[PDB]
Structure formats: structure tokens, C-alpha cells
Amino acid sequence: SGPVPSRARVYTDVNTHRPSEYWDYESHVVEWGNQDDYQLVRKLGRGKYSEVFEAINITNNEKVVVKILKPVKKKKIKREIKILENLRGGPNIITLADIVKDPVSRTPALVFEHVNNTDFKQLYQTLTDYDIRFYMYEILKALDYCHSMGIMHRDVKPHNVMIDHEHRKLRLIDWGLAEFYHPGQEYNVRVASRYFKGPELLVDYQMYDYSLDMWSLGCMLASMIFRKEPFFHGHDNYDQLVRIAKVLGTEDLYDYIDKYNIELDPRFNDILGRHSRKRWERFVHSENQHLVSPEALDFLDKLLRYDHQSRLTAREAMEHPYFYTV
């Protein structure tokens, strides 16, 4: 008849039991403050529908980050703002400080706490096996919190994780794709960045949950311990599933899609092939062995599962032996 329904094993009804105002971002009233209080200093980068700037709040001489949004979709701006407001103050969540709009331009801008970022590549060289544990625990704090608040980030990747290694501070940012979890709801699968996309998205299984973020986090952990960036290197969304199948095997992939009665896209049949399930110790080499341990591999194995229901939740992951040292 169609796909088998699914629901989160944790924080299932947190949004249902809350008032309409909290989860309805379309009805949320956005109060745009004056942009004069902020003086833009330099461009920090340029995203798809946003330009980020380092700025100074002239009213208190404090550094801030200003994300000038290309207002391509209003509903999307409202969702992000609402989620940021909802999560404001949460552990390791980027703090939205202000919502402003420049008076002639009338372009929406989000003002955040400033983070002194340590480069992905630069941090990578000096990252110890403990450091991977510590920061992975810090991300888990952010995820367990946002999941407990009925929100799935849906865009977990190293670019969205800001780290100040000098102060051992981590912030989960870029909430633009984030969404309110509602049990039974069917979500758009065109979320997350290709390498971090969960199997559910690639096979077009819409009734996904917070566990999506746990797959993404698994991909990040895999890339870190093994020093293989990205871990699953798809060249497109179809190939992405093949790259996962080359590691997890095609047997468990068919068991997954059968369990949820998923109609596999015709473009898959000719590229998927047949693949054995690979051991996690196969990726261990001389360049990465110092960051790899049985605990790390046991933890990774419990994150990188086809079955979204079978993956550890953020809270279960926090209790894993891998983190006994943090």
C-alpha cells in the first residue's frame, strides 16, 4: 500500500504536549531590531543563501557574527529564527543575540555570539584521541538538548560545528535546515549535505526523526578517527547510498528497505550492485591507528546503521564506554 510508518524512540511527543505557539514557526511574530547598533568589520564567508560577517556591537564594544540572509524563502527564515529562539541558551548551541534588518536594504540578518574558530584542517593535525571524545561529547550535549526540545538539526557536518580549541568551546550552528519533530510527519528528504545524508534520505523515506543527526555524527566520527574526509564520498545522492553500501553491505540495505516497505528509485538498480559488510578495523592504518580503539569502533558501529531506529540516541551515545574518559 505504501511505506511502513516509524517514530523516534526518544522525545517522541515533546512537541505534541507543548502549546501551538512553540512549534508553529509560521505564526511566530518576528521583531527586527535596528541594524545601526552593528558595524560590519569583514566578510567571514559566503554560503548558498547567506553571507556571514564579523561585526562589532557599537552599544557595548562586543564582537558579534552577522549572517545576512538572501530572503529567498520567508517560511525558512521564520523556522530558523523560531528554532534559534527556542534553543537560545542550550548547551553548545550558537546564541542568537539579535534579529535585525538594515533600513534601506530591508534584508533579514541574524546576529550571533562571536566564535573564534579553529580551522578544520588545523585542528585535525593536533586532534588527540581524547580530543575526538571530548568534542564528540560536546556535540552530543547540543543534540541531546535540541532533540529534547523536539528539534532535529538535519545538517550535522564539521562546517556547522564551530570550535575554539584554546577555550575548549564548541557551538553547533547553521540551524537553517532544522525542523520540529512531530511523530508520523513526513519530511522533505532534500536536507543535510550529501556526505552526511542518512540512508533514509537517500532512499526517500520521509518519516525520519532525530536519529538522522546520529547518522551524520557517525559520518563525522568515522572521518575523524580514520582520517578519511569525507568517510562516504558520494559524487551525487544516488552514488552516496552506493558509497555507504560499499561499507555497510547490500544485505542489510535490503533488510532495511524491506522492514519499512521502501520503493527503491529505478536509478538505483543499475549502480547499487552487491557488496559484503566490511569490518571497521579495515580502515585502520598507520596514519590513523593512534585515534582508533575498540571503544571508538564499537561506538561508530552503533551510529552507522541503516536502520534509523537501531542507531544510538544522543543520550545512549553519551553513556557509551567511548566517553568514560570525559
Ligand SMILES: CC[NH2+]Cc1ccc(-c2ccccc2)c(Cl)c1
Second form
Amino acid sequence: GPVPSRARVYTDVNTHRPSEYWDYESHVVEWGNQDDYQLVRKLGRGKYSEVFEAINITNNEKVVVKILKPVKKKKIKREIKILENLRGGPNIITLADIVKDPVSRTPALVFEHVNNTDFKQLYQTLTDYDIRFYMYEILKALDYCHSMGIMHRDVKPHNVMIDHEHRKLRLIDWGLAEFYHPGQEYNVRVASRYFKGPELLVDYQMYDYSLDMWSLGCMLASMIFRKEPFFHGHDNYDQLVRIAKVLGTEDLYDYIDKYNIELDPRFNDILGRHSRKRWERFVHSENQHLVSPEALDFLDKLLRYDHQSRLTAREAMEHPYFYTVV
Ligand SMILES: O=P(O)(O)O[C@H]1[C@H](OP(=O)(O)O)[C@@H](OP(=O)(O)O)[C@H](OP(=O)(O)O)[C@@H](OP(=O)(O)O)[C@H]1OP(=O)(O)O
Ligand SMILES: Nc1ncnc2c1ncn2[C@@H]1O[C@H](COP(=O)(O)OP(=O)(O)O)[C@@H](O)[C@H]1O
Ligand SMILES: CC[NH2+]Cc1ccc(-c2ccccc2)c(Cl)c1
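Since the one above is the form deposited without this ligand, can you give the form solved in complex with this ligand too?
All chains and molecules follow, beginning with the one already shown.
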């Protein structure tokens, strides 16, 4: 069978902690009163919830109400527990209340409001400094949650709220997040296609925090090269082919050999043979002002097939790319 793996950092943080911390199924959830909140407008609507801008009438403060859709109760509890565990953490969205609609008993999470500056307007006005700055704010959020035994598992632009005017960043959507237990075999059907790490695509279940580091690399690549998404796959099998067209097929076979992984036969006719492309080949007139040797060196250290070979959030924070922010 496949070779076992464990995280290089924060490996045993949950083991040495009491069951109360990580046992979300046993955690007691206390539902507040929805009448303290007046719904203003729809903010978004994902595949798991409906999100509304609201006012807490008891202060006149702006909040965000995330109504939750038909899902496994286990998952709802897990999200609540992780949020409560991470509450107060740097650049972690703050869960302010847990409420249930008196009539239909629909669960809803109440968060601090973030004035999310337009994503289509941001992409065009961000400078080399802004990218380094916001990448560092995400790293503070990841180093923190990884240190608390949690992997986000859905790191992407849509899960990152930025109030550019106040230079404030929040990592949101903790619905797919999970407690890291060394040796545990996790579901690979997590994260969004474009940001899925190779481990998920080759069905390698014993993954860890490093999954978030791959997703972060995909975001950085898309930001400095102005190509969204960076790895544009049409499906989960095609997604790996897209990575292979960049990282090459030689290092891919080295990866699956190191962990004794068996490639699904769907890959037989689509993988092909690909040479490793130099990161510099992605530099163009439209993006050259966001690219630097340090950016390329940093990106190269995030986008590795081998999850164990990738920089940790702490190692990433120490990289020369962050000297101008740090
Ligand atoms: O959208 P897909 O079919 O998945 O493929 C995309 C798409 O090009 P095409 O759609 O025309 O093949 C992108 O274009 P947009 O749809 O985003 O306009 C393009 O990037 P650009 O946005 O710069 O055009 C990108 O890469 P490239 O243009 O280098 O082909 C390319 O990816 P694939 O080449 O992997 O299909
Ligand atoms: N704290 C928040 N501040 C501002 N907008 C938010 C906030 N939380 C969620 N949203 C908006 O709602 C969308 C969906 O929220 P999210 O937690 O990511 O739910 P889902 O898991 O269903 O995708 C976001 O992408 C964003 O547009
Ligand atoms: C709908 C919310 N999206 C907002 C958003 C915009 C830009 C980035 C970003 C910033 C710096 C580097 C790479 C990406 C992110 Cl993560 C999220």
C-alpha cells in the first residue's frame, strides 16, 4: 500500500491536547437569538450557504450572517468548533455569534463585517508591494491555524476578504477546515479545483497543513503572472495534467514513487510527457512589474509536488521576498 506521511511542523499539537479541543461532535453548541440582527442585503451565495450583511440592533454595528444550507450536522459542528478555537487569531474571521431562526430552525453563523474591496478592481491596481504585504497577512493566518492543529483546506481568493482602504485582511470560510491528526487518512474531495494540491489529485489521503501551502502558491502565481486561474483544469484529472504541463512529468513520477502512490487509470491517456518549465517563461509585458527573482524563488518553493518539500508557513514568512514588509 501507500507509504505513510506526517507534517514536518505542529505534528502532535492535537495529540497532547484534551479531547474537548478537537472533539467537535461532543462540543455543546449554544444558539443565540436571531432577533438581535436585522438583515440588510445578500452578499453572496455559495454551494453551502447564503451570506447576508446585517445590523446588530443592540449596538448599531455591521455584521455578516451566514445561513447555512442542508448539510451534515457533523460538518456544522466542526466549523463552529474550529472558529471558536481560532477566535482572536491574526487575520482569522471572528465568529461573533451562533443563531437559529425561531421558525424554520435554520442555523446561521454571525461574523465581523469586512468591507471587501472589489476583486475585479483590485487585480488591476495592486502593486509589487501590495502583493508582498497581503501574502504576509495570509501567512500570519496560516501559521496560526496550523499551530492550533487546523488545516483550512479551501485557501483561495474568494476565501480571502480584503478591505484595501484599511489594509485589513481576513481568512474566511472554515466549512471545509479540519483538525490535523498524524497518520489520519482524510477525504481528498476538498478545496476548489484550481487550488487542489497534487496529493488530492493522485488520491493520497495522508496529507497535512502543506496542502494550504500549495493553494497559497496557486494564488501567488495567479497574482504575479496575472493569470487566473494559474492552473486551469477542466476537471480533477485534467487539473493534474495542467500542473504537469508546468512542473513536468519527471518530478511527478518521483513524487508518486516516493510515497508508493498508484495513479488512477484515467491518467493513462491524458498525462503525456512534459518537460519542467522555468518560472521566468511566465513573465510578460503586462506582468513584469510584479515579478522579481525573489518572487520566482519563493513561488518555486511553494509549488512542489512533494508536500513535505514545500515551505511551511513559518519558513515562508522568513523568505527574502518578505524583507520589504518585514
Ligand atoms: O479557458 P480554458 O479553455 O480552460 O483555457 C484557458 C483560456 O483560454 P481558452 O479558453 O481560449 O483556451 C484562458 O483565456 P480566458 O478564457 O481566461 O480568456 C487562457 O488565458 P487568457 O485569459 O490569458 O486568455 C488560458 O491560457 P492560454 O491563454 O495561455 O492558453 C487557457 O488555458 P489552457 O491553455 O490551459 O486552456
Ligand atoms: N466576513 C465576511 N465579510 C464580508 N463578506 C463575507 C464575509 N463572509 C462571507 N462573505 C461573502 O459571502 C461569500 C460566501 O461566504 P463563505 O463563508 O465563503 O460561504 P460558502 O462556504 O457557502 O462559500 C464570500 O465569498 C463573500 O462574498
Ligand atoms: C472575493 C474576494 N477576493 C479578494 C482577493 C483579492 C486579492 C487577493 C490576493 C492578494 C495578494 C496576492 C494574491 C491574491 C486575494 Cl487572496 C483575495
